[PDB]
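2 protein chains.
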Amino acid sequence: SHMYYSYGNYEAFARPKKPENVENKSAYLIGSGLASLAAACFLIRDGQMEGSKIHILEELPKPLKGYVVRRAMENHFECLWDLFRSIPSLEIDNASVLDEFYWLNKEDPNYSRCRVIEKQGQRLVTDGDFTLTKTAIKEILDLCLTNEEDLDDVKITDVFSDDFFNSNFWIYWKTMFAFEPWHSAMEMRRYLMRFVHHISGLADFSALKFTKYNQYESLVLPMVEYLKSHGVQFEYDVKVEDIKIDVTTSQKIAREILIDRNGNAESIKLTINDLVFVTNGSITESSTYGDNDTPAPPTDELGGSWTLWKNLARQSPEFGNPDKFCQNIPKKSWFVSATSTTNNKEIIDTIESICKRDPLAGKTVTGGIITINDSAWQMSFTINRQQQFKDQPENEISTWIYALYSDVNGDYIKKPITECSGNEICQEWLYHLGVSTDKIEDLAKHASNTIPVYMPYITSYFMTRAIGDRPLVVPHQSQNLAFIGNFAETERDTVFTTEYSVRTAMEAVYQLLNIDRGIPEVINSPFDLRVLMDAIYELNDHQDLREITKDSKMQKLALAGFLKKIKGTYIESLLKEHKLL
Amino acid sequence: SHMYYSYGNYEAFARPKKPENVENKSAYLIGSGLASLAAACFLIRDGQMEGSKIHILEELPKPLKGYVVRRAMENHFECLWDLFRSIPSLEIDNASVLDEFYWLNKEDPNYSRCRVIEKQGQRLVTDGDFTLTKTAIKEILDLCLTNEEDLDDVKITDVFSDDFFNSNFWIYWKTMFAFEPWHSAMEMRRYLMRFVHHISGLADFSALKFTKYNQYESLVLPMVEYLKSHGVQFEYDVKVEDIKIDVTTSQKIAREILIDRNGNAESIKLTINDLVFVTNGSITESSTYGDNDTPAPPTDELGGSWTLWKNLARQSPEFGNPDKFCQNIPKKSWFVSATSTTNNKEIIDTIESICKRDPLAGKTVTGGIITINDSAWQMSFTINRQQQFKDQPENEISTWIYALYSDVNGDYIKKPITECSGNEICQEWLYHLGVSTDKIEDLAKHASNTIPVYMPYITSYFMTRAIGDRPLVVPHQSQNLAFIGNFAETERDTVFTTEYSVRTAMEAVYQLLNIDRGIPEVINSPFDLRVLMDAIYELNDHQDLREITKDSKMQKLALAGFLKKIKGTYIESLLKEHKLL
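Going down the list, the sequences are from chains A and A'. A prime marks a further copy of an entry chain.
Using the authors' numbering, the letters of the first sequence correspond one by one to residues -1 to 60, 71 to 78, 81 to 591.
Using the authors' numbering, the letters of the second sequence correspond one by one to residues -1 to 60, 71 to 78, 81 to 591.
Certain hints may be false.
Note that identical chains are pooled: a pair holds if it fits in a single copy or bridges any two copies.
With a cut-off of at most 20 Å between alpha-carbon atoms, the simulated EDC-like pairs for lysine to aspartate or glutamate come out as follows [said to hold, decoys possible]:
1. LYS16 <-> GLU117
2. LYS577 <-> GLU158
3. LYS577 <-> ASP421
4. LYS455 <-> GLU295
5. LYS116 <-> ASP526
6. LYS560 <-> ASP359
7. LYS148 <-> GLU266
8. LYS148 <-> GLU582
9. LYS425 <-> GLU587
10. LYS560 <-> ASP452
11. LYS586 <-> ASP538
12. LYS586 <-> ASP160
13. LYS15 <-> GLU101
14. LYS238 <-> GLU48
15. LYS51 <-> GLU84
16. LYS455 <-> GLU21
Calculated directly from the structure, the hints in this document are not laboratory data.
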């Protein structure tokens, strides 16, 4: 391809030459999403493009009656870090967003003290172990051994059986990633191989890393200062309708950008030197907002994002199939998310007794999400390093809440979550905290300002896709078109991840300009001996190779002959090295 | 330990905090070798130490009747690149030594057009294939499967048999690395695992990378400008005798540095805050020099380096056993190296017709070493990107020559190489180039200025060592002592390598100061599925799994059952992925 993957320090520290003919090129970026911001940043640094020639078109210009909170990173987001190492931070002087992040998660590491709760406040008894049976472990192995071509339109409830589902591993997995039974077995197979190196840190969120303030403040805003420092243009109130593309038998050239600047109908014309970066699709689209007194109105609208993707699919199949992601989303699926802000010391005291940490402390609180396992909504909540907003009073905590089931009645508020307001969500949440039934309706109506948010497309990432549903970053024979974001296709990496946004960003800029530098490959942990032995030891709840085959005569007979061969050699020393012998 | 290994972009780009209490610390560096220069550089950048407090003691101050040339790098010298990414180059403005190196080897890649020659000029017939038989491949596998503890004082002629030795693979291996039959099987086992990822590029030197000018100009001098830019002290004509060390049952503290500054006998006293970095041993020690008319006088002296290592061994076994490296070196071993500089167009024309490239071109010439396979001295030569010296006339080429056998008579100059002058070496070399017997004595005596160099310790790196012969970088319970260089011990990495000098440099600075940053691990290619399948395909001269077992009924029967299991799964698709099915 116009590209090559690499995996070294040689490729990482090196600076690529200024790409040929970039002194006569312009680039247009569709949407102000985090992927576009990264693609524009890559055009500045590595592509050495002019700042006066990078245009970012957004529908938004410059209300809301409360605070709203919008997952964590991990060390091996290899493309996210090549970017923020070059982004000067907004807090600590002469140190990059990486540096401030790097130090902050070393000074205050992340770990969950109470990961799962049940029975209205109590800590889950088997919290820690995976409760994976011999059958469940095998279906995990078979799914990874299953080729990805043999997973077209294959749901998760077709690869696993009961043994896997009634386990803590499924509880830990579906809740930190927001997976659904009817979701793509193709993507979960990617997630299993993607994060096989932190599988020990799955039960306790030890391999997670959070920023200081919220995603806007710590990630988006440092980028925006970097971009405007270089003169990058920010077009506001620009809605993109369609993009005329010439798909000849030889090329694919973009020509027009049919926009609606505020109210006027205009159009930008593109040569072959005018690059276009389309963030096709959006999970944040068509989100409604409620308050502490009214539910967020449920909607199913097609926003300008999907209609933009739709208008390109009717121009070539190679530009993707949007309908598999935004149509036929089960009405049970995740739609509602909430944010309860409160200073009432009795709710913060209740949270303290569960998560074992002072929430009003500036340190870690929950360590991640805390899953109410027996809750009807299958609802989870998290509390990050308060205050999460830079100008929020230093005696308030902001709690993010979501639920995976949206058409079942709550155990206390006997109705679906799409029918509930802020205080009705706040009431069902507090009841599961163990708060007394007497102080439930008051502490939610008058003490906590809970904001519910309905997004009809939040699970569009994980829909059951097929080979060809997601478009390539740079389609075959394309000259100035690129698709970025989590509905673009690349190799092995996982969507619903800020890494995926910066991956397809860095792959789009590097291909269209042919930059003489390698792109960091998805970490090779799934092909690493040492990482895979660790997975077998951790999947079996810390059992050596003898204890795993002590009840199988057909297995313990094959192992005994295996140990005879590798006895006294590197393999046997590598097997005690990773606790397997 | 005081340390942790890491393998990511997260750890690579990040800057570590200023180590505690470094504002009251001093460091002393023993010798001006490349390892010390790196340790001092690491004290400046990562340790944030003062420049006025880094002392580099050297025996040399500020003749020689000719030019002298002193191996190549590879992409996965993970510690060498964390260093030069921060070293400003001396040629291209505002670009580091890494950058100028990175671009230079992309603009002009390296590859050997004629790797082995024989029969006085002709190209070897089987050049390319490994000629590894089924037995030879297995001894390779067994040696790696052999634990490293089971290799104490084990020579190379005890792990391999005849089948391995009469092969091109042995010819390619012993000559680019300067291995000997009687050398350590422990280190070759490390070399096999170290470079298992470039095994395809072993026959053609395609994975090699050279600098522009010589090692002094392109590596040492950029470092020295960086160090003196920060005020690092350079003590010249300082010979270090002994270093008094307090090895109590609890600690190991250095106290005195017994030196001989020029002629005076002085001594520096060390608190626990005065760090010491000892480059224990030296292959360059006690080197004599000849000219085009007289042989370099053979010597066996103990230089101030070995006597310094000796004086520390009589203070603790944990500081190493120097005698295994500098005593009992076989008199057949490599000692003589040469450098033939000439402008005579008939010698450069002869080289052109063999290496297939214009030597007087500024590009690649030989691509690496060219081995004269049937030569008595087992002599090899290389010609790098002339001119290799910054102020050398643009019509001269400088040819480096060495030989592995030093007590056998040459095929033309019927005497050992330790008896030969510059022109006698130049005559034996030209005879093997195919130059006519008539124009052999003239073109070497009057056309070429060949300088012979005798170093009695060049093969000290690869001597048959045992666990405990090489000291740890930071011995147990040590407080201010560190041993750097290729006679220090670390994990998995290989000596006789500029990576090893910068590895133990970066490990010494990071442990003594406890820097909050990981050290890049030796590349995990020997534990990488994809890299190991590639090795089996490349070791068998590009044969798939069917052709490797077509003559073994006990093997083809086990494979047929193996292919039944993994059929249609990831493993089988990964096996065509790497040409194995």
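**Asked** Against the structure shown, which of the earlier numbered hints fail to hold, in ascending order?
**Response** Those not satisfied are hints 3, 4, 6, 7, 9, 10, 15 and 16.
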